[PDB]
Amino acid sequence: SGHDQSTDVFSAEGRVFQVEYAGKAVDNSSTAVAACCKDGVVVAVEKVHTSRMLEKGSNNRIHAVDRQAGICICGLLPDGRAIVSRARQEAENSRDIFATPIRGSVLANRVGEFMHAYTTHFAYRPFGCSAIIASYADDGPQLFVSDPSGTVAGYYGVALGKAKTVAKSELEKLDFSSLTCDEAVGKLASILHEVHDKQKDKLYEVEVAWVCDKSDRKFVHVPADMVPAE
Amino acid sequence: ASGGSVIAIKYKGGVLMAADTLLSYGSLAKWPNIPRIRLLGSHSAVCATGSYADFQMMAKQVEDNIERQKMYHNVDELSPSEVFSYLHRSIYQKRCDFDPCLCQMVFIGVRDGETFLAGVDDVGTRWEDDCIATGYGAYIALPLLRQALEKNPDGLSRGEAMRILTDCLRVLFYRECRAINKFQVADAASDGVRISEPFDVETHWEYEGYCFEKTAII
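Sequence order for the protein chains is A and B. With the first sequence counted from 1, adding 569 to any position gets you this note's numbering. With the second sequence counted from 1, adding 39 to any position gets you this note's numbering.
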């Protein structure tokens, strides 16, 4: 009927249909995966090129938010850009007002709170992107996920994208208590190649970033010659 | 609180900026062990004369801008001349609001050959030379640096310029009331700015004309 046209309308069973439709658009995006490896975090995203003339470095989904925290936006790229800019405004304030790096959990809480102020009003539409926040503050490595519903949750290993179930069945069998980032940048990168179907999209490429002690606790992109070829 | 004087000079290949490590409260030497040389980004450095709060706020505001710009977007970090330009525009904008940033700054920087040394007042005036000096260093120190430049315009050496920096710091110690004998020299070469450990310049107080009998007004 009309009970599924605006974000301010509970269904007959108390469901906000528009947010389920929003999450449906994230369920159809490029694959991403992430691991919190007790000494650092590693996020790795699939970039599906629609064109073979695209310069390498275009449509990079992993964006730095502070020195130590980064965001991988699986879903609609423009909306992810808005969330990345809001997280950047939240992280610069704590570095300005409170003279301290923003703790990872606080950043995830704020990003979720901002994603949820768009699913209460009749004049906005819910963000069509799920964020993966990877932070390493003075509280240890932290990996959080935010759904278009605005709900945050901390993980050890998380999978997103179109191929989300089979790519998650890979993360169950890693150890995550002895797993080191230096080998996780190989493990997750190989997981994405195993889960990636190649008779739909002829052009694809894996882009991975990490923040651990080796990078001086800074969120940077992986050295180019650290990802296995295929 | 308020800093002292700053002097700076360009030699063959780099810049040198010397400043005393002391903050005064009017006539009282309050804190003699604080660093007054800040360094912004990975190519440039700054040092201010006068009120410390204003320099502390302005340097923070122009150090947040550099790192964010470089971290958000995949761009090269700002050159010395451009971060100085931003510094100057922000000082002028604070002055138009009758909210002055009451400190004369000296700004040095080196990026792959193009060595840069500028100075900015608090009213918005900016300039650039081969020798800068603020506070009282503009009167006492600056003439010595200018003569040491013109006596050999080909370009000083690093040691031959450190010598004259010591020789002007000595006079600044002699003839400036609110100053102490513990300075710092930030040296900016192609690799990048490098602040030295505090050092002291030797003095001389044993002229014969200072004897008790001679200086006596009986």
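Be careful, since some hints might not be right.
[To be verified] Computed list of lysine to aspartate or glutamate pairs in EDC-like fashion (alpha-carbon distance at most 16 Å, straight line): (1) B:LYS99 <-> A:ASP665; (2) B:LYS99 <-> A:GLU774; (3) A:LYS593 <-> A:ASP608; (4) A:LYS607 <-> A:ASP744; (5) B:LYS133 <-> B:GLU106; (6) A:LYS616 <-> A:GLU774; (7) A:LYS787 <-> B:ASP160; (8) B:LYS109 <-> A:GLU661.
What the hints contain is simulated information worked out from the structure, not anything from laboratory work.
Tested hints:
1. Only pairs whose Cα atoms come within 16 Å are accepted, and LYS99 (chain B) paired with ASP665 (chain A) is accepted, the gap being roughly 9 Å.
2. For the hint pairing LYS99 (chain B) with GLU774 (chain A), the CA-to-CA distance comes to about 40 Å; that exceeds 16 Å, so the pair is violated.
3. Restraint check: the Cα-Cα separation between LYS593 (chain A) and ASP608 (chain A) comes to about 33 Å, which exceeds 16 Å; the hinted pair is violated.
4. Distance restraint check for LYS607 (chain A) and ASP744 (chain A): the Cα-Cα separation of roughly 11 Å lies within the 16 Å cut-off, and the hinted pair is therefore satisfied.
5. With a CA separation close to 22 Å, the supplied pair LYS133 (chain B) and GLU106 (chain B) exceeds the 16 Å bound.
6. Restraint check for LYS616 (chain A) and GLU774 (chain A): satisfied, since their Cα atoms lie roughly 5 Å apart, inside the 16 Å limit.
7. Taking the CA atoms of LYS787 (chain A) and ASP160 (chain B), the gap is near 37 Å; set against the 16 Å cutoff, the hint is violated.
8. Between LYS109 (chain B) and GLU661 (chain A), the direct Cα distance comes to roughly 14 Å. Compliance with the 16 Å bound is thereby established for this hinted pair.
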